[PDB]
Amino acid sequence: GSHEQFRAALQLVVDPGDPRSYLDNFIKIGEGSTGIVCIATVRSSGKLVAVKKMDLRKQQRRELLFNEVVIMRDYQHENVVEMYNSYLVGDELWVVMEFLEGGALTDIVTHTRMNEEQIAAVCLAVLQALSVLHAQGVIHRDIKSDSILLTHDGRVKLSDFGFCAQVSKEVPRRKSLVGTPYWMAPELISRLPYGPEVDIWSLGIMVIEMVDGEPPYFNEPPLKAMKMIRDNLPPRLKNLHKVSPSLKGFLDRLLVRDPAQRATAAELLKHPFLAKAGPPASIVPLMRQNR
């Protein structure tokens, strides 16, 4: 009776019907922890969409599925992935999204070296989105190269909102252990009450990704790496001699063990380093089909 409960609940927030009646040429392109992703054609228009499919019976924490729909619906932005519709289909939650041709950022950071014009342009894109989200007390909790999508012209959008949490006056902090281990904030790992600050930490770790190609302690097992993140100091860049004083100083405002002294999105938007940010055109050279 618990599963039927969630179905009905989810049924009340999604759009009615079955999208299979108006979609064609389903083509699987990926698989996350929460489910798989297909591209498909909207028959009536020939436009392409992306369809994320998530089994209700295959979730670690069902109640998180509302984030999949609710977040994208309430926050539109140049830097946030567009959602067109959501449906309940069988025992699956389908989300129909904008299709970002350029794929995830992770494919870039592992196969190439981004320059600081490119790195700055990414950070600006994320911080602009995080600023709006943080403003309404929403924590993303899964900031990393995986959660960043790109277009053909190098526009950048924040994705994967399934791990979101809301804070407010009656709920000032969150306490649950959420996110991807290496990108997690020290206060969150330590199981202390946390807020939006943890997102700024993760971004820092994601900046390490863009420079070193991987996060700190990435060769270690996840549980052991988490322990290291907690006890140790802010992690180092293995290629620090390759980053500018500008980038370093900026990063030093991200990777702060005390969330109180850790910078905020709104503050970071005004940082000198983000002035280096080039146009979307500067990101184009880095994508798989181009390089």
Contents of the next structure:
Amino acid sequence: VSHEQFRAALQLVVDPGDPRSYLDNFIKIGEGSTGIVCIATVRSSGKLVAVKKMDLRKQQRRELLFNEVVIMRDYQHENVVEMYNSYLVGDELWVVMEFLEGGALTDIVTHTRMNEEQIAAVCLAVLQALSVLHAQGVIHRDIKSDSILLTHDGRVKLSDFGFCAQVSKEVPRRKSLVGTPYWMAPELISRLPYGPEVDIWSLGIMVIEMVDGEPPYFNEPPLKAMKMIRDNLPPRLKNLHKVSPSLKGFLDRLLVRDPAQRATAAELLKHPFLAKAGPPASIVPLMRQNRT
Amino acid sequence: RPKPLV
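If the structure you just shared is the form solved without the partner chain, then what does the corresponding form deposited with the partner chain bound look like?
Next comes the full complex, and the chain you just saw is listed first.
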């Protein structure tokens, strides 16, 4: 009943039609935030596209599904996954989008060790994206290695906007408890009104992922890790000797508890650590199809 | 992987 009501609303917003008419050989590759991701073959071209499938009945907050359409209609960018078309297919929202065939940053972080040319390239790419989103008041709210995707030639793109929200003069802060526990900003876990600064902290946790292979407290149940994040000093790297003073100085601007003192994305683009970033080619050897 | 909390 409110499901039927919701299918009808989504219908007025999405493209008409059914992309099964032009797509073949759907193969599941992933499950993430809000549903599954398949690759599919575009019949007329032989090209490959990704299809995000999101069951309306399985969302904590169905209304966040509109985020997939807002972000597509409005915030395209070099470092953001491009979204082609959305559809309602029975009880699911489908988004046909760019296939990032290099896979997710998670698979690199859990299986090899990045150097700082590589970390700087990822950080620079992510920060360019955030600088542009944050200037327009868009907060991603689920920054983590699982949300950073790569092309085969090593270009880095932000993905998975399903949890994002907007701030503006009339709604200067968000309040919702949203993200993935281990990456959540402290002010967000403490239920304070928050803004784009939350993505900056989450990026810091992603830097810890890149250096250590895991975010802090990863061995704790989620609820206990949030409590630890709320109450404790900023989390530390397992091994500080494994980062340069430059990388350490960079991280220290990210993992600041007071969001007013945390660096913005605009400021971070100017940080000397980013001078280390290699081109996309430098990221390539890290991917599963290339490492030994 | 840990799931998002909404």
